[PDB]
Amino acid sequence: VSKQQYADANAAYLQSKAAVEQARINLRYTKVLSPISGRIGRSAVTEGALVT
Amino acid sequence: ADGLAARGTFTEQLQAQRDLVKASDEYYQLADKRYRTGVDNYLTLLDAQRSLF
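Chains as they are written, first to last, in the entry's author numbering: chain G, 106 to 157; chain C, 370 to 422.
These aren't lab readings, by the way, just hints derived from the structure by calculation. One or more of the hints may lead you astray.
What the hints assert, rightly or not - Quick list of in silico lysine to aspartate or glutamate cross-link-like pairs, EDC-like style, CA-CA up to 20 Å:
hint : chain 1 : residue 1 : chain 2 : residue 2
1    : G       : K136      : G       : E152
2    : G       : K136      : G       : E126
3    : C       : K391      : C       : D401
4    : C       : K391      : C       : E381
5    : G       : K108      : C       : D416
6    : C       : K391      : C       : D416
7    : G       : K108      : C       : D409
8    : G       : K108      : C       : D401
9    : C       : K402      : C       : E381
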């Protein structure tokens, strides 16, 4: 196969890997992480509270 | 008379065949350049090389 078709296939593979990274970070947002270490207060919301 | 007819025809028939051969050779040369730049694969170089001879 030509080098051009290999370049196009490699570009599509890298683009799909970037898309799955874009999905992986949105999955990482669903379990929120403490951005700094420190003492936490009380939770202002409980289970069942719809957040946006 | 048949010999004179064959003499009058074959020199032009072979010229047409030579023009066909050189057109196929220019086709093969452009396909070889298009191969070595990387655009096409070896298969559509080999088919033009085949059509040449």
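Quick rundown of the hints versus the structure:
1. G/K136 - G/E152: holds, 14 Å
2. G/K136 - G/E126: holds, 16 Å
3. C/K391 - C/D401: Holds, at roughly 15 Å.
4. C/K391 - C/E381: Answer holds: C/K391 to C/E381 is near 15 Å, not above 20 Å.
5. G/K108 - C/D416: Holds. G/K108 to C/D416 sits at ~19 Å (cutoff 20 Å).
6. C/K391 - C/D416: Holds - the C-alpha atoms of C/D416 and C/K391 are around 16 Å apart, at most 20 Å.
7. G/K108 - C/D409: The given pair, whose Cα atoms are some 8 Å apart, holds under the 20 Å limit.
8. G/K108 - C/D401: holds, 15 Å
9. C/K402 - C/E381: Not satisfied, since the Cα-Cα distance of roughly 32 Å exceeds 20 Å.
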